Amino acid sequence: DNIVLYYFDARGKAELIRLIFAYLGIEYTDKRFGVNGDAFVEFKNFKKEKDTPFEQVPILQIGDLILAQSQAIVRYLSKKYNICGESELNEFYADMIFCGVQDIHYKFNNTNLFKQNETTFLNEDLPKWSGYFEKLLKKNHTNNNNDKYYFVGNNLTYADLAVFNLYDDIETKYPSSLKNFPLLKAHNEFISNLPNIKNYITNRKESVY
């Protein structure tokens, strides 16, 4: 019943978990390797002290329970705290959308810092994937038109937070990315303004990734 999240000092694959905790107002210890200096030694000492299944982070520890694999952690958390949808179909859709997010998020990460194929990403990959998500929001649109935007049903799911996080990452590095996608831009403003998320984000230190 004591909750601790371990990861490096970065958003990366731990950020959606932090967002979920913030949304749900669950208190926990956000352990970031390297805050005490020397990320290498901490992570090394961490693998000695804790029984990780694949020697990787994020690791979420609940009391004595070691949980690994960010995706599995996200899905487990979401079922326990009721943001995994209201039906079996919607649970699937939230899941499907989260997997879609992983596809572009991966590409975004591979291009933003190194500028690797930045032009191809910004001209082909990004608008195509943003178009996919725009169309999903649209298919779910008259599930609350009153400035509430959800990808799945009439309630918030981890998919909303996952898409938020993704486009939160993208519009900062690439301002006005959302301008051609009105539903997606609105969705990003909506969830970003939810008080718990609004407070987490303003309190959130800047980071390289």
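Note that the rigid core is defined as the largest set of C-alphas that superpose within 1.5 Å between two forms. Residue numbers count along the first chain shown, from 1. Compared with the form deposited in another entry:
Of the candidates 122, 96, 72, 113, the Cα that moves 2 angstroms or more after core superposition between the two forms belongs to 113 alone.
Fitting the two forms on the rigid core leaves the C-alpha of residue 173 displaced by at least 2 angstroms between the two forms. Taking 2 Å as the criterion, residue 144 counts as shifted between the two forms: its C-alpha moves by at least this amount when the rigid core is aligned.
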Contents of the next structure:
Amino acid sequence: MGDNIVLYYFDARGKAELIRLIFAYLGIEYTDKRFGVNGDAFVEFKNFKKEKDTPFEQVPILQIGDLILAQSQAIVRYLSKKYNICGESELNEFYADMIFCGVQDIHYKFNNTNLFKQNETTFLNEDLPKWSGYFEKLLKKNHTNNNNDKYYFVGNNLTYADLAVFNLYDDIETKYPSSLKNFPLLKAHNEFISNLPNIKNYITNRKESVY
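Instead of the form deposited in one PDB entry shown above, give the structure for the form deposited in another entry, please.
Here you get just the chain by itself.
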């Protein structure tokens, strides 16, 4: 609100990419500060915590004016509620929330998956297909036949849940094969969201990050 917007995080997608996608979709201009660009990523982060008054010594940290906001999920809901992309009814606000909570679950699982731990096949053969099925079924329940051209998990308008699900699979795809092949609506939903003007432009401009 007439205040300089500054997002603080490491030079990576991680837990800040959904926030970035929200700004990109909303056309909100802000300073995307990334650690590890000026100097040692962890030296910068250490000094950051010294200069900024963070509640839990974690990033992302979103600063609006002199207002300091922490916790990625809280930030996402805060921005979504303020910019009306969280549902237009007490029930829909809940559904978008419930879907995001689900996203967090499987997204965490993905980020906890790696060769060293020998849990890659489980994630690929058990966990991902199961959750993809959950999301496929949720998308179907929000009747797509009405206006097929549009794919939304909640109501008839885009919510942060749509961006969260997209970001989930977008992140997974950077490391593992595209499996959406077996989930039509979901596959369609992701294509739809990615091709949105603001989103499509954003993606094309962001640099490739390993994390």
